[PDB]
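Undergrad: If you want the building blocks of each chain, they are given just below.
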Amino acid sequence: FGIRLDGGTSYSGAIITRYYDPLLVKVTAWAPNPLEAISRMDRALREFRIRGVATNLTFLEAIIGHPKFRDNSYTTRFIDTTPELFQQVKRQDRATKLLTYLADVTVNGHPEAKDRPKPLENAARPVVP
Amino acid sequence: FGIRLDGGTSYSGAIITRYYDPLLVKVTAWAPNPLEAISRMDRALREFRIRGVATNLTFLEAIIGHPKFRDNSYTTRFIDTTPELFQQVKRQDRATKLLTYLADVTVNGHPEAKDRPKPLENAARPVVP
Amino acid sequence: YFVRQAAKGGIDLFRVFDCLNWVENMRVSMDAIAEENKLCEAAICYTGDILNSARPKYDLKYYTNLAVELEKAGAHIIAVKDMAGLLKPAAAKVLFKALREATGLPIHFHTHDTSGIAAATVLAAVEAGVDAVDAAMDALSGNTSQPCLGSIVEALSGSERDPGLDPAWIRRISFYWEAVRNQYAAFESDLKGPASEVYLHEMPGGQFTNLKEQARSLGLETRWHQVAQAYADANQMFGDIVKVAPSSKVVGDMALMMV
Amino acid sequence: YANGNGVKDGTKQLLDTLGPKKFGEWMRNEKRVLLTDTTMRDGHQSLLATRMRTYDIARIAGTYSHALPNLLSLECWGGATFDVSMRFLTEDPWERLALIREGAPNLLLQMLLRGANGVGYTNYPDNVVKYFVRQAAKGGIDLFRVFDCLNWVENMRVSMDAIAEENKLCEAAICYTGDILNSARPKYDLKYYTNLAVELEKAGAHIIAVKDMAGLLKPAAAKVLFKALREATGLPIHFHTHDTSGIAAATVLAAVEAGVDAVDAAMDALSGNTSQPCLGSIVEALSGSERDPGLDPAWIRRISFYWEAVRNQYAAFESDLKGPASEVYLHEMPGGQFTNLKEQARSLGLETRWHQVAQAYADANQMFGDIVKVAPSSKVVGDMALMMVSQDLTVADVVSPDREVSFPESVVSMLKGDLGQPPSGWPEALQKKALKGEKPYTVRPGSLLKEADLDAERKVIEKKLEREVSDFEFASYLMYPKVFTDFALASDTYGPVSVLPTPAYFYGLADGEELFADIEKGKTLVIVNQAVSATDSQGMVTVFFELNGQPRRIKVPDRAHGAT
Amino acid sequence: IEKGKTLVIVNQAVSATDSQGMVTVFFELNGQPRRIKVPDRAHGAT
Amino acid sequence: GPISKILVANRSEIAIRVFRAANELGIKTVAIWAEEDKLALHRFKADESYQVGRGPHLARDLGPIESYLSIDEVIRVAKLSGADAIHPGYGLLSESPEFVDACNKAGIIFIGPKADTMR
Ligand SMILES: O=CCCCC[C@@H]1SC[C@@H]2NC(=O)N[C@@H]21
Ligand SMILES: [Cl-]
Ligand SMILES: [Cl-]
Ligand SMILES: [Mg+2]
Ligand SMILES: [Zn+2]
Ligand SMILES: [Zn+2]
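Protein chains in written order, with PDB author numbering: chain A, 379 to 507; chain B, 379 to 507; chain C, 638 to 896; chain D, 508 to 1071; chain E, 1026 to 1071; chain F, 1 to 119.
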């Protein structure tokens, strides 16, 4: 509810070329009042999953979560001025890390286990009573 | 404009299982008048591209394009009594038969070819002088 | 009935042959092509060696008598069908001179390049007065096919018998066949080139390659020389026969067994 | 297997008795046509990138000797064999020669020699060239077929004088190109050839050869040419051609009819396409005629069947060439290169463009002033062709002063005069544009080079390898310093690998497989591959052999799979 | 990965080691294919 | 007069937006693409498609942006397609008075303001 999209260019598999516009999709968010519209936008933005390429999602999210934006007190110089770098914080990427571990031990073994006796093959997982 | 989507189970990569209801996505179309609403649902549905599973798209199109639908002259009995929404004779029909050859050879190979050398890939097509 | 439909379907020139050069076996077809008012080109299959007196069953007189008898039977054209590519240049000079003195019909020579010198025989036939010859576009020529059309035409370019065919167009057309032929990689044989061995065994353009495949698969791809001598030997046991289409298959069945 | 008796005396004994001059007169005088078998050099050079190994070539020499003792010669050395043998097969070309010489003591052994540089890749001083010829004669060559890639006689003289000085046969070749019967290309008319023949005879030839490296001579032309040649000089004429067009056998038979004294052919299994035409069928066509060469067709077939089984081991090196191509008349690419070339075009995503090339090559040839195209001149014209194709350029486009074109190095080098001089001279403008201020010269390249200090040079190679080198090895080093050096180092690491059979040299041993290997005449090792271990850490694999009954473990890095 | 963030992971296949000595493990993560490359230290590869 | 067929002299989202309105109205549709947008979905999202900026009539191989800003080509694909109208979308041409007088030196209805207001 309250979300309009104007896209068509991006989709998984798509290849973004260096030649044109960087645009992926335009998101339009509607609500009865402006505060509710902001959080509608915020919910949809954060719900986006884009992989394979960098985006401006974090930067879009920072703008709309800004106090000066929420209370409508920004001038045109706001972005060039606020930063308040914003800018940053990284990403955990835990799943990829785990998969790296599993692949490593699957291929190379664990140093504490690799030359020591081995448990009887597919023995029962322990069951919590 | 005037398209709402509420996804259920579908995205590029989704696994659809047989255990639950068969819903992919609900589509809602809005407009100032009812006819223009219909042509917008109609435009949206035909624009969908879903690869991997069959869908009910063409049936939905026959529902909303049908005259009893357009001039609100239908009852709860409409679908159950309208045979030409369910057009059913095994189709074919030259293009369809051709698709069927290509499908079948693509999945199963050709007996004369499938166990023998293969031509060099991305070979020049023959050009008629 | 079949000949009738074939003329209706667009065939104008029927090269008719018999796998044992048996004229009696060609009459019905030859009469049917004349009744459709099309061209009846009666083919004599070439075998053995007219310059070799050790095989006197296939001498000069054998071909000239069959040409006269094909003419009497209604031929509009006589062909020499050299299905194994056995005719040699010196024999072509004698053969086409003698055929053209024995019948007034034109002669049409068809050969296979299995030996790697069919183009020499063709050009010797043209010099001896043969009226027509067969050749394949360069990309589908050579080896067990006909000899190269572009090169034969180029060799005759500017001579008295020049056939007046444009070399630039032959090459463009052969370029196209070349790209066509690439799409058929599945059906290429292992044959690499000229095999003078054809003069011993006489396996015709179709069969040579199949026969080789078939002896690989029956696990003899290592005694091929025994097969070759066998097919030659079988041929003599049968009484020395024209080996083409079905008759060659029978000789190869026999040769494979004896091995 | 042949044969029981000793070997019949052949052309080898005839040359030893008469000497080279009288021996070319004897060729001239002979009624029968004479044959040269090129299977052991030009046949695999053309069809298998010259990868034929000594093992397969030497095991057959004794059968040629007993079964075809009437052959004129076996062309079996020079052309690309010299460096390819060391660079790619890790084997020594001298050993190849000495083994052929041992197995066929009755036939002439023949090589192809470039006059300017012998078997090398660049220009060398006269003394080096002389030294090479002297070693080639010492090591078993009887017949040197000497050519120049521009048919410049000047550039052949040093080779021709060195051959005569050694008392060997000097067969001076004239490269055929164009078409003597087409009056629209008058630069290569009949007179062009008969005058070269007369220059070559004054320069000391014992035999004249026509080398039709691209297979361009057509039969009606052979008839005119060989008649006229044998009227312009008393020397025997020797005809070598290639079958790219699919009609070279017709050209050979026309030449034989016209009086030609000797011809080249390859055994059936290595003939046709860009190789020589079929030996057994040419022999079969002549059988019973006036000029009948007297070679037994049942032996040719048996030796061909042996070469066919040998060729099957070399599947890695087969090209995609499917048969006759009359477009050879348009582009004139030499058989010996229409395949090294076919896959420079591959390595540059040109494979599907391979036709426009053809036309760039004829075009390039003509802008160069229309020249003889044969190893290394063809190479130059190919490099030009590919470039007009890639950089998508034309000839006005190539010679226009305005359009920058950075030229391939081989083209820069030729226009400079490193391959010599066409009759001709190089086109002024193209030369100035291509040279970029580098200065061209017009004398014999050989004649600018300082004499090599042969002593100093010998000590350099000897100090590097830390042992004496033989005279033969020294010749090798003079021709290819770097390729010889790597070969010598590899031999010291790997042993006499030339003695392994082909499937073993390229693929090693299957599990459990047994091989006999002659480290030397009369020293046979029996070697069994017992097993091969999983690779270990540190990434080593151990192969368990039995050597003459005794277990031996050898450890090798597992490079395949990333291990050092 | 955390209370209430459950990954489903399937080991689909493991490649032969390549040169440069890398092995790629083909996973499915929550339905989606993922390839991960690891050195084959076991067997001497860096 | 009665608009049957619209050519969208643009790309990406703007082109798709116009395609959508066209569709729902029963107006047929024409897309243009340069060679670099060979793969772009807007060229499939129309009922007809033509390349702009390459070929026999040129006289240079055109640029990827250039290809879309080119009056000649745009007109060309309009005239060849049988298009009664052009939507320029935004950016690119949409404020080029040269391009307008051209729609209608070619008698092709231009979706937007007359050329005078534009100058
Ligand atoms: O086109 C009609 C779609 C609506 C009918 C299908 C619904 S989806 C949920 C419910 N559970 C089912 O088994 N089918 C219905
Ligand atoms: Cl070197
Ligand atoms: Cl641009
Ligand atoms: Mg003589
Ligand atoms: Zn035939
Ligand atoms: Zn040669």
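Just so you know, the hints here were simulated from the structure itself, not pulled from any lab data.
It cannot be assumed that every hint is accurate.
Residues from chain D shown here face chain C by an in silico Cβ test under 8 Å; the list is partial [claimed, not checked]:
#: 1; residue: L688
#: 2; residue: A691
#: 3; residue: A757
#: 4; residue: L760
#: 5; residue: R860
#: 6; residue: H862
Cβ coordinates follow ideal geometry from the N, Cα and C atoms, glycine included.
Undergrad: Would you mind marking each hint as holding or not holding in the structure?
TA: To see whether the hints hold, each was checked on the structure:
1. A cut of 8 Å between beta carbons decides the hint on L688 (chain D): the least distance to chain C is about 6 Å, and the hint holds.
2. Because the smallest distance between the Cβ of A691 (chain D) and any Cβ of chain C comes to about 11 Å, over 8 Å, the interface hint for this residue is violated.
3. Checking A757 (chain D) against chain C by beta carbon gives a least distance of about 4 Å; that is within 8 Å, so the hint holds.
4. Because the smallest distance between the Cβ of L760 (chain D) and any Cβ of chain C comes to about 5 Å, under 8 Å, the interface hint for this residue holds.
5. Residue-level restraint check for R860 (chain D) is violated (minimum Cβ-Cβ distance to chain C is 12 Å; threshold 8 Å).
6. Interface restraint check for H862 (chain D): the shortest CB-CB distance to chain C comes to about 6 Å, inside 8 Å, so the restraint holds.
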